[PDB]
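So this first bit is one chain, no partners, the form deposited without adenosine-5'-triphosphate (ATP), shown in structure tokens.
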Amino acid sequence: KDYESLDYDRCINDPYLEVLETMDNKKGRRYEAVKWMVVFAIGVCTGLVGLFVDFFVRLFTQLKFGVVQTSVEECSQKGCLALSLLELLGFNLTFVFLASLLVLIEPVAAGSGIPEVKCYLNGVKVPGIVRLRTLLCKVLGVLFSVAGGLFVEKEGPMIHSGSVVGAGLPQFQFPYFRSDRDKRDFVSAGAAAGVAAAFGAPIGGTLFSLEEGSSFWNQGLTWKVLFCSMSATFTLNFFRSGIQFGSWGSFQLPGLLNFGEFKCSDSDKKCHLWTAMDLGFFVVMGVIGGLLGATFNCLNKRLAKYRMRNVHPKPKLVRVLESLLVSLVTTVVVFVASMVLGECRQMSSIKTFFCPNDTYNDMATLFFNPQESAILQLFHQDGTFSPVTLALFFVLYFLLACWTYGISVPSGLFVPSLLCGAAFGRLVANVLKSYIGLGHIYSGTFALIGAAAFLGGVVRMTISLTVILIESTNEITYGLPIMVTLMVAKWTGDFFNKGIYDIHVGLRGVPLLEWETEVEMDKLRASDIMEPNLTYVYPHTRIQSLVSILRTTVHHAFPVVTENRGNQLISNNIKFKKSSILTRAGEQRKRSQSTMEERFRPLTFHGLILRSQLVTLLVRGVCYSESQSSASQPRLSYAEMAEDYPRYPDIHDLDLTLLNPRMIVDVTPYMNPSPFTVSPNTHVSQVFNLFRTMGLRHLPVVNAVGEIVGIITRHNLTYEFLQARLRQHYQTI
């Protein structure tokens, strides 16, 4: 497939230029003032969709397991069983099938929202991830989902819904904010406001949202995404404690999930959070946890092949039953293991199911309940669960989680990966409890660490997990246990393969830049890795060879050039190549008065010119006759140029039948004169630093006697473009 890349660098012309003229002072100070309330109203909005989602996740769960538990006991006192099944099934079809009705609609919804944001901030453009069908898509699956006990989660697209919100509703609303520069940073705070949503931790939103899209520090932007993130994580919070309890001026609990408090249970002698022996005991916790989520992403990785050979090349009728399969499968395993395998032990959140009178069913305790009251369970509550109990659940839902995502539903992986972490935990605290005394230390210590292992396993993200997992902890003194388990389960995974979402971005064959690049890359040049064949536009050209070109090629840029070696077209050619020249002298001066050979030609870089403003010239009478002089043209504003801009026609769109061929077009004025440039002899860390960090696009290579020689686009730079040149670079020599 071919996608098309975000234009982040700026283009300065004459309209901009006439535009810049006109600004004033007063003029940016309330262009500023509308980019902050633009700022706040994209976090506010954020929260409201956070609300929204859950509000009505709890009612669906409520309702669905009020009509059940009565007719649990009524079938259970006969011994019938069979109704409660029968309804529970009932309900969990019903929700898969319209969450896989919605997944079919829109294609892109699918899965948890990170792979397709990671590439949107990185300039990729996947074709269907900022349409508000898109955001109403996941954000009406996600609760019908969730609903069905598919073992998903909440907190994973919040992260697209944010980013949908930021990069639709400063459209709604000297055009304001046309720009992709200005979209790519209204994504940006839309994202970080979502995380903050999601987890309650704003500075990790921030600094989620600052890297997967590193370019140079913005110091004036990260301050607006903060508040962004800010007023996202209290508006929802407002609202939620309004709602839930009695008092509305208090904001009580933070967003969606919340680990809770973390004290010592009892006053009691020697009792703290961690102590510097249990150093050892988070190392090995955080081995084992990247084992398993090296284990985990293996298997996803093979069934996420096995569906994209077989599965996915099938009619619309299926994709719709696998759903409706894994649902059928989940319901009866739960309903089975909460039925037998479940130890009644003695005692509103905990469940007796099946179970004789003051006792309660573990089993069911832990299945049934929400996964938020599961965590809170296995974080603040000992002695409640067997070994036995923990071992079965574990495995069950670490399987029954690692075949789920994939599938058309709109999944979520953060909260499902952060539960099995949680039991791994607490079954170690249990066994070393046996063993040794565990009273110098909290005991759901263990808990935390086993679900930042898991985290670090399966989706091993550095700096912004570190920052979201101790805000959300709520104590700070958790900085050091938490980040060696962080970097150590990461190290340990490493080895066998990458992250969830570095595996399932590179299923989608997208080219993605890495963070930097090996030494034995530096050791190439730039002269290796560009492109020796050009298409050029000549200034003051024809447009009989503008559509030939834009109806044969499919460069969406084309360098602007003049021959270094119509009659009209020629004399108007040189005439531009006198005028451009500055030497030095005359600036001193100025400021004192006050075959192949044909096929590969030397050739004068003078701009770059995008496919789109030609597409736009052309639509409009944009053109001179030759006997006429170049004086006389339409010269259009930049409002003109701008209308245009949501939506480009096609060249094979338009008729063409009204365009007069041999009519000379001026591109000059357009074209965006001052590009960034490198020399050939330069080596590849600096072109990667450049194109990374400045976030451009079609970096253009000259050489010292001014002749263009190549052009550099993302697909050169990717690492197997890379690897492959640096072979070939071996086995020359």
Second form
Number of protein chains: 2
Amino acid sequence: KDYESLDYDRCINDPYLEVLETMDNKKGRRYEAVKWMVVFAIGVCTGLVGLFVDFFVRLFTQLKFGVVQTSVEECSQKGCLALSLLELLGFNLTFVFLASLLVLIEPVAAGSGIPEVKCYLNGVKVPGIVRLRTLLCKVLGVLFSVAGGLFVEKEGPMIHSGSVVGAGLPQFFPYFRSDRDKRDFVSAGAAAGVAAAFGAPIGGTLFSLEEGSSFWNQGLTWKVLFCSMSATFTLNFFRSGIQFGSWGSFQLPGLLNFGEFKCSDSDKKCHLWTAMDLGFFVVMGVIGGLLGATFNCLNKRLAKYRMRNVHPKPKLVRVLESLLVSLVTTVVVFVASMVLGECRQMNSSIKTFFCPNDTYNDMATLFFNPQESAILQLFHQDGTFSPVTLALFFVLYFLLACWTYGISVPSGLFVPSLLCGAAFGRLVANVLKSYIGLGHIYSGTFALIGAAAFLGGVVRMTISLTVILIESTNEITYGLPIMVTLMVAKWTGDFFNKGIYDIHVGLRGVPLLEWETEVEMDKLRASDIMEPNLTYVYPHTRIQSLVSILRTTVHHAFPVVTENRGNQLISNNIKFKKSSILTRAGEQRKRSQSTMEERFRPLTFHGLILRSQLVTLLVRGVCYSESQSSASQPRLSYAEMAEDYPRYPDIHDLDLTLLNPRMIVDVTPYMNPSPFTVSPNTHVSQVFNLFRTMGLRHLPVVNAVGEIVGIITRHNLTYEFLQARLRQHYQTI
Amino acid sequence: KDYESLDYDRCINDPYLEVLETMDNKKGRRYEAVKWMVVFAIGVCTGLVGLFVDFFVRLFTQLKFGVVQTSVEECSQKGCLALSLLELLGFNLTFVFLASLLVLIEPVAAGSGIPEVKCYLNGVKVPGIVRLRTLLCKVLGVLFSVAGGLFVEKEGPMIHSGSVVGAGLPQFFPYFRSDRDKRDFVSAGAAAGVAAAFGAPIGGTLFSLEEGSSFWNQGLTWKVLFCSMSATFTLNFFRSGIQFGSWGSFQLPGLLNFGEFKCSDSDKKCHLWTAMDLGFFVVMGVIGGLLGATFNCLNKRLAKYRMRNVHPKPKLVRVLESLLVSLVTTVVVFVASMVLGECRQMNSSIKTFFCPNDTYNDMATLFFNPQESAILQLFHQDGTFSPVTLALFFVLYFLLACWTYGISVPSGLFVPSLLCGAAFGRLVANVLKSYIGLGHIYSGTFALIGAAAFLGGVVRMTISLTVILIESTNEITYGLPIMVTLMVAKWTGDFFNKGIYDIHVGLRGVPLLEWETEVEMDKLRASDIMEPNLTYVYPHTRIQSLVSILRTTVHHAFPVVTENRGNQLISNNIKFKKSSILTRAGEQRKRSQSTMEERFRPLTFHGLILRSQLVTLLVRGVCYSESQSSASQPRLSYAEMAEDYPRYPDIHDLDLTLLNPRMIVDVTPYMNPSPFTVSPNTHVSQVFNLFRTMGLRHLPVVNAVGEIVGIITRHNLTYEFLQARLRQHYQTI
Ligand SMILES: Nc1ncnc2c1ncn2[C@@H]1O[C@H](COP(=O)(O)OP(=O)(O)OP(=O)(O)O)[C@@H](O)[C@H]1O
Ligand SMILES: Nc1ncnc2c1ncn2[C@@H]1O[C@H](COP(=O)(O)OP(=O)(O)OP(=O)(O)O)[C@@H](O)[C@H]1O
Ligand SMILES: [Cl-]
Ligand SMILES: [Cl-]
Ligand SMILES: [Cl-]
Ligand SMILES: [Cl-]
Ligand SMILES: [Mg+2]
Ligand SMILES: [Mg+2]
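Next up, the form solved in complex with adenosine-5'-triphosphate (ATP). The previous block was the form deposited without adenosine-5'-triphosphate (ATP).
In what comes next, the whole complex appears, and the chain from above leads the way.
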């Protein structure tokens, strides 16, 4: 596949300089105030999207579980026990069918949105991730998927749903059109989505700080923190005013909350955790890492099977697959609820199914409750679940969650991984207490650590995940046990495979820049990875050359260079080359006054010109005849160049009949005169640091005599390319 | 004053390349494991330093208040009430005298350490901030200053005390000698100090992320977070095992904890805060900003008075000043305790002085308790303090804290600013309740917001302060009220002046690089700020030229250049210039094979050589005679060059008699061949961004023909220089 990076790096040219001269400090303050308003609006809209999802998910789940429960009672008294299953199947197969049609409409909405937000914040531009139809096909697709009982989550796709809003809202005010601002706003939207999904605004801010790992922008972080705070306190304001009666109160954080981690007042010896518990937490982490590695291995194999045996099929398939998994999931839940469910002697939350009077089914209250409610029941209830029920539930949920992720419907992954771990932690707590007396500590701490050591095993996130979990638990004393079970569960799994998001990004072939380069690649140099063969643009070039290079080549940036070694064209190029060069003595006096040889030729580097800018110049009548001076020019302003920003014209789309060939066009005023440059002797570590942190695109390599010697893009710094070049370097020596 | 920046930027030269070739992946993993161990040790040692301070501060305070309290009782029954004052004066004047002698020993330990940590993390190297004697003169100076009742704090100097440990411990293992690692370790130590002082490891991590605003280091942040977690959970483990009996439990976080913010179970209408409270919080923020601005104005005037009327005096003064302020702040406390104190009918915390039976003195229990205890009493305890007592206490504490900061003793500023705000918040809560009924909300929320809106007024920190306060309160629902009163209390104060740390850094004249440049300076270019006159080093230069440039000039880096336009020296320079250049066709074929004018001259840029490297080469016999080939050379290895890292020899210290002049020395193998470079057309925004984030030093400016036209350092990007050059630019046009 072919992917195109973002134009994050600022291009300062003559129209931008005119706008700069016009602007003053008061206009800057007004623009910054408008930016604050837009950030607040993005946060509020993400909170509202989360509210819309949450309200209707439960409005449908309650209806579906209130139509079957009476059917369960009557068909159980009659002994038929078949009408309820049929009604549940009808509900699930209708909801999943509606959720899969909405993904046939927009295929990018499939799965968790996080793999497509790790890429946009990296600057890769997955072709359809920030348009409104994707938001409609994901928000409406989730509430028909999780309401159909597919063992999926809602807080996963919330990051993508917030990212879409952050991309859309700032665009209406031409000052917000550039990608330099769009990437900042999508980072703010992702932070807001994380905050609204987990109730951890600091966690969302740190999630946005990496995955977009650029220079520390103090002021952008202070805005993406306010966006997350506004997102998590707008969802809270409405969700604590609809469920309860009090409106002004803020009684419950975002969609996934853990609860209150306090021990009973009766036991003074009881503590949340003690120094002895840390040894148990280290083993829980290394077991969770192995379980997450098994999960990732199985899901990677399943995805490899699907990408070759299901995707290359008519659109009728990828709907039958989702219906099949929904039918299997419903039948397994219902059968494991009537049978293998332990009726225990005894609330609105608790569910009584297939059990006698004054008795409840632990498996039924596990499965028929919403996943967020089941997490609370596994955190803060003791003695409700027997160890056999917990083991069977863990096995079934683990297998079905592994088999479900990858199908067309907009699935999530945080909750189904945060809920198997809760079962594992509760099970190990139950077996520990019976085996040897450990009643001096809270029992829900083991469930929390089991959930954390499974998230760390599956998604393998750090910093962001640690802060998200700590802020979700609302207990700072869990700072150390969580972190030391997130850095072990990762270190255990890294031996086997990468995180699931990395797995599902690598299957598509998306070119990503890793967190940092290795030392062996630091042994490599910039000359080895660069591209010597160049497609260049002369200043004062002709229209024929421009259309030829635009049609022939797919590159999006061309260096503007002059030969180091038509008559009007040559004269203008020589004049520009002479005028541009600024000698040291000239600067001091200004201050005081106050074949293959032909193909590869010495070319003095002058700037970079984008394909978009060249096409914009071609569409307009920006050209001067050789007879007249180069001073004559339509001289497009900055607004005129930015009018057509979101979608630029394709060169094949232009008629090209009106354009007179052999007419000179001046690209000097519109090029980027001084982009970042690296010497051929710079090592790959410095090049990678510049490319990643500056967010730049098309880094040129220029030698010590000012001659451009190569070009470098994202495809040159990708991991497999560096591995191949390092292997070739070892082979040469 | 003259300050020298850090050598943060990596220098990759031939000895480094040899070490790189020797090293493999297993050695890299072992080195990373050792780095993890060193980070853990830094965290543990910072926690132990905090424990040492905390234990002895209370051990001295309890003795000092147990010697007077009895004496107060008997001298009050007799009516003398004079012996207790003499005992208190003796204790205070002895402790302050001992605290001021330890600062006469090490003058840098004076005041809060934060202004000296904002500079080192900026890369300015205040001359004595990371040596062991400073740690001894600050840790031991604090426990004799706060124990003497000077209205100072302990949590301020803890950041500097952790920074010193982080600077000292990694140096014993030559791999940790470079400043590239020292700055990382001092950032980790500062994060650990913040965590141990406030119990907010995430707050310390974010405090270290800025003030060192560089490229996003994923892996370094994950280490400075673990360092802070280890620091705050080692202090906790000992402080909850010494005060209590249980050792394994973690019952109390670092030195300054707020408590538990829960409302009484009796009132259901009661909440921590509600939506209508936000209007009151906004006004509390704008009042706290004005109070902080008044504090800053008064303290700046006092400091400007002291720096010209007290500092240029014999060392006998600056001790009499501290004794005078201690004598005043003892008499004021004692008099405001017997008089102006309301004896109210009624615990170990509560303090009774100058009151009849079954009564307590509210002012006396405010003053005679430790500041951390007074904060708790002002937060979670209602009805104890009358509004008159609170107003008088706020006025007295505000004035004496403003007058105390700046004297020689190691004062702090967080607690004395976090404690006036608590009094203001409690006062406004008491006034509001009597004025109109607002019993539907918690009363300690107003105290918390008043403290936050005074910290925001005084120190004017963001992001870091917000997270520190949120994690200290142990309540995530306080995220929004706190943030919206830190962004207002700052926005109100910015109209008047800057924070205490900015003021007290600017008074010394330390060159700092701001968070970002303004748009008006973005109008400016790199040619305007650069330095055209250059002191350069030829490759294969003679000893005489090197000693001349080293003695004549104070610059610490010299460009290695060759003239663009002895016979052996000229021949070697020409050969090097010819061999170094790599043309584009050469790269392709290698892949396929597999007066004023004399002073300012065209010079092709080849690299940068540090003064330290030149002095190291001069000290050894690194030189070859013109008769013999340049290939002959002692060829110092990496370890030999790094043997003398912390303190480099001064050129005047060398005898220079042994060194034979007119012997050629080749500096090519040891220079930095490919540093970061900027074109003269680059604007000041990009130049500042590169300089600040890459942490680099001596950025060279090279034109389009490879000729170096200028040099840029920290002094060129400082705010005053940019303002002057922008004013000149406006004058020219
Ligand atoms: N103007 C250019 N002239 C020659 N080679 C180029 C040019 N631009 C990029 N390359 C090289 O071509 C290869 C990939 O080119 P590609 O068509 O993917 O670039 P692009 O579409 O402009 O970039 P991106 O995918 O990052 O948006 C890389 O090796 C890159 O260094
Ligand atoms: N090698 C050099 N040749 C000429 N000018 C220089 C050189 N190095 C620095 N300068 C300029 O001299 C001025 C200040 O020089 P200074 O003596 O403070 O530098 P330094 O001590 O090497 O740097 P630093 O203070 O950042 O450690 C600045 O304008 C800077 O651009
Ligand atoms: Cl989720
Ligand atoms: Cl997910
Ligand atoms: Cl402090
Ligand atoms: Cl301080
Ligand atoms: Mg492309
Ligand atoms: Mg200097």
